[PDB]
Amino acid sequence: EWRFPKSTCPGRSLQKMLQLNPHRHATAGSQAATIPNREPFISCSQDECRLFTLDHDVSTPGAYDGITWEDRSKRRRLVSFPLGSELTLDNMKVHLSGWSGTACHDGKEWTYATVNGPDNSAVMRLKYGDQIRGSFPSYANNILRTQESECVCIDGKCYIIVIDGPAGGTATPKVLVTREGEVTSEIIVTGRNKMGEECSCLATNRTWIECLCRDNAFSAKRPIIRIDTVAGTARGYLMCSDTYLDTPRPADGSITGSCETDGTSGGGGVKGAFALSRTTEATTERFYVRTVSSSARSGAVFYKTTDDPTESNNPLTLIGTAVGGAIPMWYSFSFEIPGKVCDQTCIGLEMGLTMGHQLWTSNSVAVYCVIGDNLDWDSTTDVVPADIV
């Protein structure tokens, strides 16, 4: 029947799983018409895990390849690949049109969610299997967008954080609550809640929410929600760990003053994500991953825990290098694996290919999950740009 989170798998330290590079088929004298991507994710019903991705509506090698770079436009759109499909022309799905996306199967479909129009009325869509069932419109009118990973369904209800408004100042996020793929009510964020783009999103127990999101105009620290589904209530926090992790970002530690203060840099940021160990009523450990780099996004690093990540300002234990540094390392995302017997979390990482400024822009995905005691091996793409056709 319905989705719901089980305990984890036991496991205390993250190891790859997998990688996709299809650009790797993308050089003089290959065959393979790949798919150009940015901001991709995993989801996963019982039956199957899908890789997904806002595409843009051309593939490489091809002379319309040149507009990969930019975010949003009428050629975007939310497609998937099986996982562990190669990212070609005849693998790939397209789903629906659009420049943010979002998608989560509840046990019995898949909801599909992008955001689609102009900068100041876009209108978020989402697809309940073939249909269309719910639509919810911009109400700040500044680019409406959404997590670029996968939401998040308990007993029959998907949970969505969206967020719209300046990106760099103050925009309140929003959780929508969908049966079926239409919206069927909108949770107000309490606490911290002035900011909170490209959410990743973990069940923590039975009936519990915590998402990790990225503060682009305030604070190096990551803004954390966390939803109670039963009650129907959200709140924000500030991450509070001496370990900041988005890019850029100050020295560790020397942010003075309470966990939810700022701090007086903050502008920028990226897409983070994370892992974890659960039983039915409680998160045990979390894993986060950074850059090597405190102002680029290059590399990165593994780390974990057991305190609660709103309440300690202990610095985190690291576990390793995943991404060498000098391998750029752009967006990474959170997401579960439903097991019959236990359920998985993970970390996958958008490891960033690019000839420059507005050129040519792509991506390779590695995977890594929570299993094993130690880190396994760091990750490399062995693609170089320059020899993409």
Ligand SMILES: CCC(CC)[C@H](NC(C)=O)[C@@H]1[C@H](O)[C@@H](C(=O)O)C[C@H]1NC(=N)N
Second form
4 protein chains.
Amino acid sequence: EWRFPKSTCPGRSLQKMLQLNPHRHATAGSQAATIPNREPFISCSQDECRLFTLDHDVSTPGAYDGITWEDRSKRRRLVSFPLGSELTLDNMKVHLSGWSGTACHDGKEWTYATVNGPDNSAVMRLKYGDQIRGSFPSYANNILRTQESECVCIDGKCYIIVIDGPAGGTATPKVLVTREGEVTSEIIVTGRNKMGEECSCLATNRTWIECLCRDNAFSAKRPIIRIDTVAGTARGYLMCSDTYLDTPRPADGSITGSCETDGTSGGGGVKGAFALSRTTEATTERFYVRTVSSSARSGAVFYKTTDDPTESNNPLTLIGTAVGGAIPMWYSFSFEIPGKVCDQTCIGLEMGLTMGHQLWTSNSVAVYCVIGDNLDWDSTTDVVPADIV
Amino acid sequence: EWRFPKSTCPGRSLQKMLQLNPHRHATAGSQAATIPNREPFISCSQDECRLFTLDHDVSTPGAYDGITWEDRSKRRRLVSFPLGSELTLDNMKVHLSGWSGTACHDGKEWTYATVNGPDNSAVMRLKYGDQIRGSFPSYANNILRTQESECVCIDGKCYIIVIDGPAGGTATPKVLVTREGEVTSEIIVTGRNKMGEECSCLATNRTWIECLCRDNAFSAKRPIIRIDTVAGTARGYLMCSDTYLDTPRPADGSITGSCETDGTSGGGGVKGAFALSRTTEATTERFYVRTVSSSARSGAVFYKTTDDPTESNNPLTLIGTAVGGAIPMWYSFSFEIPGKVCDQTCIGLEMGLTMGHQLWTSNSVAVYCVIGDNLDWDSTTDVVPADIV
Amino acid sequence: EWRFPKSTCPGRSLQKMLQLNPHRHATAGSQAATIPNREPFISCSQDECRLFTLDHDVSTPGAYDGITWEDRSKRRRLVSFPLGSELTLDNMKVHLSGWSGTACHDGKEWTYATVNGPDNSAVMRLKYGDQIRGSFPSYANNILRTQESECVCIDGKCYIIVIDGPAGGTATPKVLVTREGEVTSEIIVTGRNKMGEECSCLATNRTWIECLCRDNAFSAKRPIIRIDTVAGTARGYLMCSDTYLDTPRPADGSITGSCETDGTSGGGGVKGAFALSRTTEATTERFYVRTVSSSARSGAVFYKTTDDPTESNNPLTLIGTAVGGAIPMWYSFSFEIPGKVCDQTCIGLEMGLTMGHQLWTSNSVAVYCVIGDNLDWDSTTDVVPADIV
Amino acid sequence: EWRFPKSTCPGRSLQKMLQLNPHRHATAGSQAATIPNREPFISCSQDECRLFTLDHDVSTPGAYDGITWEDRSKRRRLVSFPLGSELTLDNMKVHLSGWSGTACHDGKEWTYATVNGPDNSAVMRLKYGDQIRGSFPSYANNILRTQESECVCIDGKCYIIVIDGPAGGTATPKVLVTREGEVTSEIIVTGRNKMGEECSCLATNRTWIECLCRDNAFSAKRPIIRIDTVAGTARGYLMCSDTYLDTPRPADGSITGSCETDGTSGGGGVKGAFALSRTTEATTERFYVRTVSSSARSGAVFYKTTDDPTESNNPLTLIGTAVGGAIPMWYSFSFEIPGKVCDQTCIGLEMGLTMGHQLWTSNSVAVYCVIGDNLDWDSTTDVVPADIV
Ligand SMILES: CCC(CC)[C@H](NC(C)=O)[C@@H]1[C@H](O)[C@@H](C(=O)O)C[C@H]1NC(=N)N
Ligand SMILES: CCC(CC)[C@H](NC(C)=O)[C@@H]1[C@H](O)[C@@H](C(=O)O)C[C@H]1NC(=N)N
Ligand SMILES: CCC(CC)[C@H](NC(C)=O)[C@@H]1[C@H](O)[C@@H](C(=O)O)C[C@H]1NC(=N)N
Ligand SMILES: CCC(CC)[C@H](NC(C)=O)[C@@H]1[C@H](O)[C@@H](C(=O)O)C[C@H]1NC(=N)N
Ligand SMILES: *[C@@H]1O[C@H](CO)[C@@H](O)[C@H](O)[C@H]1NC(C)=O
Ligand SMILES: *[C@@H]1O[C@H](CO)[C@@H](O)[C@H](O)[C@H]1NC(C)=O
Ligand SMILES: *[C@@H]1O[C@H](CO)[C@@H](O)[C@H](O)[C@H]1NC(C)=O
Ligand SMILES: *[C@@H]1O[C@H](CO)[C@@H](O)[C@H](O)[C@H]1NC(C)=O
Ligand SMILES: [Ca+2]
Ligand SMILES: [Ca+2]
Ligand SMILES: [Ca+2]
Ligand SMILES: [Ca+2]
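Right, the form deposited without the named molecule is done, so what does the form deposited with the named molecule bound look like?
Following is the full complex, with the preceding chain placed first.
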């Protein structure tokens, strides 16, 4: 009946599943209406996986595709594609207008959620199947926004992280608890809770969720939020490892102080992701990504640890380079593939493609999942934005 | 088994679901065969919603797309798209040739109905699943025509409003009662029944339907038709509110006399729509749309009331501007999304796009549904017809 | 379980269902890969109807589409489209290579059949679901060929008419009896059996089939073949009505002699079609089509009769002009839409489109079904072949 | 429940099913994004057949399609199409990144497998449904690679042939045994086991599999591998017939010595295929293909035998020319169509299309299945690579 977390399929590393690269088809002579997009992610039901992303109501090539750099507008929608379909106009399915998104399947229906509206009074609407069942207004009146990756559903209830407030300062996240798309409760995030953008969330066992977020103001350490779905509580932490996962970031280990010490820099950031191995009782290993560059959104490097990331300052263990440092690499996202026997967690990579500041902007998506013992290969795009017509 | 009206999902306002904007993809350099169309509407089964519209047997860009301004021809067909698929040639499904349309799902199969033929001897054909099961000839021999929005099915019977006669004068509507697409009875509309074009109809409780129509000859007040499906009776009214919903219209409240008093102007009009909240016994709130302009089809403004619209002359309560007054806004349509637990009603907006008189003509469709407490955002097209190639 | 003929849905005339017109989208500026084709027909299961046709392994516009006039080649395939999908490359489903085709659903699976090979040693292959289950070699070594319209399945067995031999002389048709695509018997056509091309076949009651064919050598009267599926017998007749249905043809009634008298002319011909009303015991009315012109394949006119067409020389009763006489009109085909309550028969029209002799060739398909009391409207293409790019 | 081999449908020859020829649509004026590809094959479930192939993350026409000659890269993916859909961008489904592929349905889910990574440390990943369940690293560190045709599943276990090592020398194949995509055992190939590339495998009865492979270093005779799935053993043989099936090859019968004698030449080769007739206990006839030319990959000729191909040096019996000798013909592949009553085996043909050395490269796929008594027709492409735009 309801989706719930199972023990994960055996795996000790990350290996490539697939890559979608629609703008390979947007060169001179090509015959395709490709869909430029940003903030992509994947979510799955027991029947299918889907690539969700935020579009711009436009295809490339085309005269209107110059707006694709914008973060928020009346054009953007949460749309999706069967996973493995290329990102073309005829493959696209529009779910909700809006400029920040999440989605997740509870075992019976999809919940889709976007934020729509002006920056000072935006509204999250939640769609369950075909109906808008939930509505959640801005509480801080400063760009209400959500994860840009899948939410987590356990036992008929789905858990969505939202935040509202200055992107350059204190902004308190909330956990929304939904049932059939209706917001039935809010969970207050206690502890280290002054930031937490764009959380990537995975169940750590049968009843707990862990979210890896972005602190856009205070620290190059990533916030971690843990949700006890049985108690209905959530607590914020700061990831303690010397291997800081955000971008930009200082040199590894150089932030002096306790685990929850911010560090001197910390302005800016990027959405990050992780994957894991777990039993029904505990997470046994975590897999992390960060950029190659400590200053720019370029490259992707995988790491792993069996330590508790909220407690240990130990460096993470190098797995290897999934995207070379010369290649733009922007957001990354967690997702889980539910199975009949075991579940599997994965990391997707937004390999960014852009002509420059306030010019055409999109991406290619590469997907790596927890399986095997060593990284198999790195990913490239072989797309030169100058060639996009 | 059969579709029947349930109590609606909680909601106290209208908020945006999504928007389809196919001709964003019809600019220079684009690679899409988009489908120019007019009179769009949405209807849903328990399995899916579909965007229905009347096409012109042509895609844009293309040499033949200059006929898309025509109301009636041998080219037009009732076609549909899965709701959320963009309006492209490969996504299109053709149901019936004809130039006026309606469709509705009874819980087992779709009923599709169009009027086809010459103006003086047109025939409505009704298709149930794959078979043409019903045929209804013109009775006034002057453009037999129907709702341009979904019909309503209750307990295995569907209810369709048709009209026939001068668009500039008295034309008596009829309610057709269908079963598996066969016209099994006609219901005579009593009361205020001298007009009633393009009705948007929704169940007001378990057994009654209310239709909001267009009086194209006599009044800027919209006719309302109520159907008792158990008694098999229908009565026409004139909407009494000082907030007149048709376009063009005089200033609010300025029509002197009783509720059913026509007013001095009233020539012309536009299809209108409403949505509602209801229990199994009664409608508890109604939501209405009209243009911003009192003379031109531009803008869309939402209103609400808990009054009986056939009795009270009270002004409606302003919800807000869904489409700015500088933006063309033509037809609007009601539809209902059936649910396993509750039903939901919505308003769709035909945001018109045209190069001018007897030139290329189509639209973008914006959808708002009953949910939340305040209007979230207004809709734009960002399509300049001059840019369509 | 198995498909079998039911009594037909009430109807006393022919009225338009829909029209597919893919090459409306093949003009300058258009963005569609349309599928030029000839010999189209429709067949249905209980789940869906499909438009079948013979393609040329090419789309229009395109450099190779100049071969589309050819009757037979190594390029042609039996392909199909969900009925109502337009005839574009992405909508197409290829079933079997070959240059003469038929298909029919037995209630469990599709049987598809084409003839493939050189003119003097062609082979019919029959595909049941995904497997080639049947193979039937040429017996007269002179263009083995079949109906170019749907076959008929009753009680798990399907009935296919084939012919082999000179198109300008005596060629004896055979009825193939298939089960799961395997040819399990051949039925010898007795009686008037010296010709019978391209039969359009419909059940006349629970156990009999009637086929309306083309005599390409001897007569402007159409051969009729009746199959008793219980006895496993088939007999050929010549349609007796003074209203001769083939093209070219002499003036009505001018063939002197008995019903089976050929008449002096008779060379050439065109595939024809009919529809009917029936109970489980008998056919109660038949509907026929022929061209407007008695010398050229132009126009389509509908007729009806309650007489036995193998016995009565009475003129048929005029229903009216479905396609004006200025419009090319080539093949027509019978098909049946099975229903849960009643079946429905229909006639489809190949409205031909061509640039001329040995130049680009295709069509638009218009569909009329048995329903209502009067013809509703005639069909046009509004496609000028000169405009096809 | 589980797929297992049934007795095959009656048939004594090979006859054409269908052909897919996407680049017919890639000429001047065309409107299609076609998918250039190599190493195509077909695999089927009980629900559908699919055309699998290895793409290049590009469509034709398009600026990037010049890489399509490459064997291995970070661009290639195992993708598939419903069998009968043409090979266009919107029809494509991406399964796994990688440059060598196989896939097979076990009755419940698809197993897809590709090799990904650098030549010296490639990794096979196996995807079962939506999850990566298996991972198998290179064991000889020299282009780990697999069949380029479907694997075989029997009783819930699937059998995949892999090889690793010098393509110009001794390279030992292994049989991987998978369950839900997990590699549960490896079977050592005994006997004649020093080579065995790109095996085409079919069940020979209820519990045994036979694979026809390519010896790329030592012999123009094809290796044959037989797997006893009950014992879990596999043995390699050399095909003994005087009719040598590889290309290039010496004149028939001219290799002096025993069945397992290599012969003096043998460098190079091409993937080959066979089909068969079988009961539940034994294979009763085998059907083979080889090129027309003994030196170039051109033409295709069918043969048959009732002898044991590992024992008898008798020449095979000529069936006939399926592809004329002037037409490029590269890989061929075996596949089986499972049925409710009987199974059917087939041979597919990669009719190669290329502009030349290190230039644009793709193919057309022709399919022949075991049915009938004589070859019906040969296949052509009628594609001139010079015309591809
Ligand atoms: C202003 C707050 C930002 C999040 C920390 C901002 N989010 C939204 C909803 O606008 C993101 C940020 O500006 C962009 C990025 O860092 O790449 C993407 C952008 N995200 C979206 N456009 N959805
Ligand atoms: C002449 C009667 C009119 C309805 C009041 C007319 N309806 C039809 C069937 O022609 C509508 C009207 O002329 C147009 C409009 O007002 O926008 C649309 C147009 N509707 C359609 N073309 N379907
Ligand atoms: C030579 C015998 C003819 C049938 C009487 C011929 N049939 C075939 C299989 O070639 C038809 C005829 O030449 C053409 C026509 O009359 O329109 C179509 C053509 N039919 C097809 N090309 N499938
Ligand atoms: C180097 C080993 C070769 C197999 C014997 C080589 N295989 C791979 C995985 O590269 C094949 C060979 O080079 C090409 C051919 O012979 O056509 C195809 C090519 N196969 C693929 N590109 N998948
Ligand atoms: C999941 O983990 C949390 C934190 O370690 C623990 O309190 C809880 O009991 C665990 N749940 C189960 C079902 O073991
Ligand atoms: C629906 O409303 C009508 C009009 O108010 C009323 O007569 C009827 O009884 C109601 N139906 C139900 C089931 O309450
Ligand atoms: C169908 O019609 C034929 C010919 O008139 C007749 O012989 C047969 O009995 C009929 N079948 C049934 C089931 O009535
Ligand atoms: C299949 O064939 C092998 C080899 O001939 C034989 O050993 C085995 O018994 C056969 N299996 C069955 C089920 O007959
Ligand atoms: Ca930061
Ligand atoms: Ca009016
Ligand atoms: Ca004739
Ligand atoms: Ca060799």
